[PDB]
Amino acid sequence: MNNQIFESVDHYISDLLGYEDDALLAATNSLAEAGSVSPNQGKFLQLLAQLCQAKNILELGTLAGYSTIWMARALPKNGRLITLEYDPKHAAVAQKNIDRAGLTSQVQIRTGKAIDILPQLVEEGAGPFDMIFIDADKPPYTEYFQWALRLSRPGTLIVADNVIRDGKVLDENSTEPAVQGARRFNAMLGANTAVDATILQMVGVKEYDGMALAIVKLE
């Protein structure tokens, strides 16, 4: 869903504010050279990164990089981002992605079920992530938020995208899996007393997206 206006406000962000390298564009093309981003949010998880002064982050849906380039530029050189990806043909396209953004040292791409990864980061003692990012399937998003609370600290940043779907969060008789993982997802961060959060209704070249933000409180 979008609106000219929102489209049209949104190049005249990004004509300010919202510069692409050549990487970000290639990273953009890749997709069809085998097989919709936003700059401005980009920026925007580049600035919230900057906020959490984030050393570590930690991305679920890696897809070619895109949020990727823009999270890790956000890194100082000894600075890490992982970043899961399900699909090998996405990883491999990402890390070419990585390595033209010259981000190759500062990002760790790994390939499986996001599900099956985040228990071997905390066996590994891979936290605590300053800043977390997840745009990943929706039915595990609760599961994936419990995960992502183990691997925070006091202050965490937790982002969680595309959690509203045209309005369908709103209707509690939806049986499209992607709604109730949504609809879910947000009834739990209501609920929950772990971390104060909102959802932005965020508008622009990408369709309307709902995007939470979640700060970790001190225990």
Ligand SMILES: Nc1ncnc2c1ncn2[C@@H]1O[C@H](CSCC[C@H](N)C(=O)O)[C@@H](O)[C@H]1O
Second form
2 protein chains.
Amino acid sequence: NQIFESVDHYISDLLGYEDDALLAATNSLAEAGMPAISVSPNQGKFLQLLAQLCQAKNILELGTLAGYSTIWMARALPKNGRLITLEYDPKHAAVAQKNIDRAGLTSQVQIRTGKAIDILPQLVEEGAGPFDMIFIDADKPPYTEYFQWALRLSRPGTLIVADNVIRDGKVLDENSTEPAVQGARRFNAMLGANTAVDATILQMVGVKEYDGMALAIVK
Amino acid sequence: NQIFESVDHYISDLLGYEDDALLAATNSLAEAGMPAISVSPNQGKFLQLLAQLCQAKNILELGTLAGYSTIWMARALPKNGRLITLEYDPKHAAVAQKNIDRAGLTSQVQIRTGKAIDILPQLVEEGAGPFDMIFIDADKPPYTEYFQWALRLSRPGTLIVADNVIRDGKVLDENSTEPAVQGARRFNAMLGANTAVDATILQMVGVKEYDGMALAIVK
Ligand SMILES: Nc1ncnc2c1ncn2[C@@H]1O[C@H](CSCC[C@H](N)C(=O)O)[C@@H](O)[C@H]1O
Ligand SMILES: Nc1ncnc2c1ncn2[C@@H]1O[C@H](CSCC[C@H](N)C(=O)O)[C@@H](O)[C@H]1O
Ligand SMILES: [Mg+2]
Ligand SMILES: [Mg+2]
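Same protein, different condition: the form solved without this ligand was shown, now please give the form solved in complex with this ligand.
Let's see the whole complex now, leading with the same chain.
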């Protein structure tokens, strides 16, 4: 439906201004054959505000892409704050690095290249946590296991956000053949069973396909 | 539409459990001849999570109705925490008081029966602030002025949430003659012009009509 796109433009015209660095991060996707699946401008503003509510000094992100979400959240940090972002595809990591450098965030953002499931245990061994806010936005089948590692890297009060857990309502389909839909359903079931967090799922509409984000606070 | 309602039920089954006090607050509406306009269960859980992220000890609410939103937020408070809620309709205030008593929240929730525009300057005279979180959800035309009073009762980092600021996308109609739509448009314009806060509007779908909430953090 057109109405959600029109209302998103109305909102971003008021409260979703994008500077050159964010517009250049979006423009970088097509040039590198990367999917146009960044958070929307209004979702970026929302993640920035959540980071401010957390008084975030240390943020962990799974799934960098071009660093669009990364720039929004890193801009909530104090100058001595750090965002670690994990990216499997070396092409995406190099594009994201250029975009972070253009944004003047080189000293605040560490891009680690590799599988999230390989790097998360390294972060625990290094004592990189606890993170004030964790954004889970990589491949979807392992969301459930990514959340278990996120808890190992959390403090009481840590906010864990997981993107793309509604998928146009396809999570209602118990017989879905789509691995990302199966991954979201398994993650959502895990969150429903979890005693370590208070959580909800926010349905989200706008310029992107109908979807949702899970928000979880570590008790 | 049906999909948004079905997905809302899926989410509330996982993460939106309502105890007897919440269900009794909902049931009180039809018995009392009150409009069925409480926040949804999943919106209630979201407000509770935001109050936890604020580490709220002092909460202000405009517009109590039967106290449904009030119960969700007051349950985030520590035992020495307080929520002040403003309700113009003495019948609504009496119904909310019974519902708050049933929830065991009598000691922590103060219902003030009168117009918010009359009571807000009383709270300033009393030094009742600052509030960690403010929920604006009363009559719609004066939302703009309620927000100015909310800033007078805020600290740096206060979260201000305003419900019902999208109204099924009717805020796109500059020629709307509906008081609630004009109130939302004027508030949204104020919010886009306001240099005292960082803010967004979240589009919302689910069991209620397509709408949205404004979220603002005081600088
Ligand atoms: N196993 C894995 N570990 C880490 N990153 C992975 C991964 N599998 C996929 N990814 C990456 O996850 C990303 C998902 S898109 C991330 C979008 C970004 N958070 C934004 O909103 O701007 C892609 O860059 C993809 O390459
Ligand atoms: N001037 C005013 N001052 C305070 N409350 C007002 C008001 N005008 C209307 N109201 C009240 O605002 C309420 C709007 S409905 C509030 C719903 C409630 N927050 C919930 O989600 O559960 C009604 O109870 C109405 O009586
Ligand atoms: Mg995503
Ligand atoms: Mg309302």
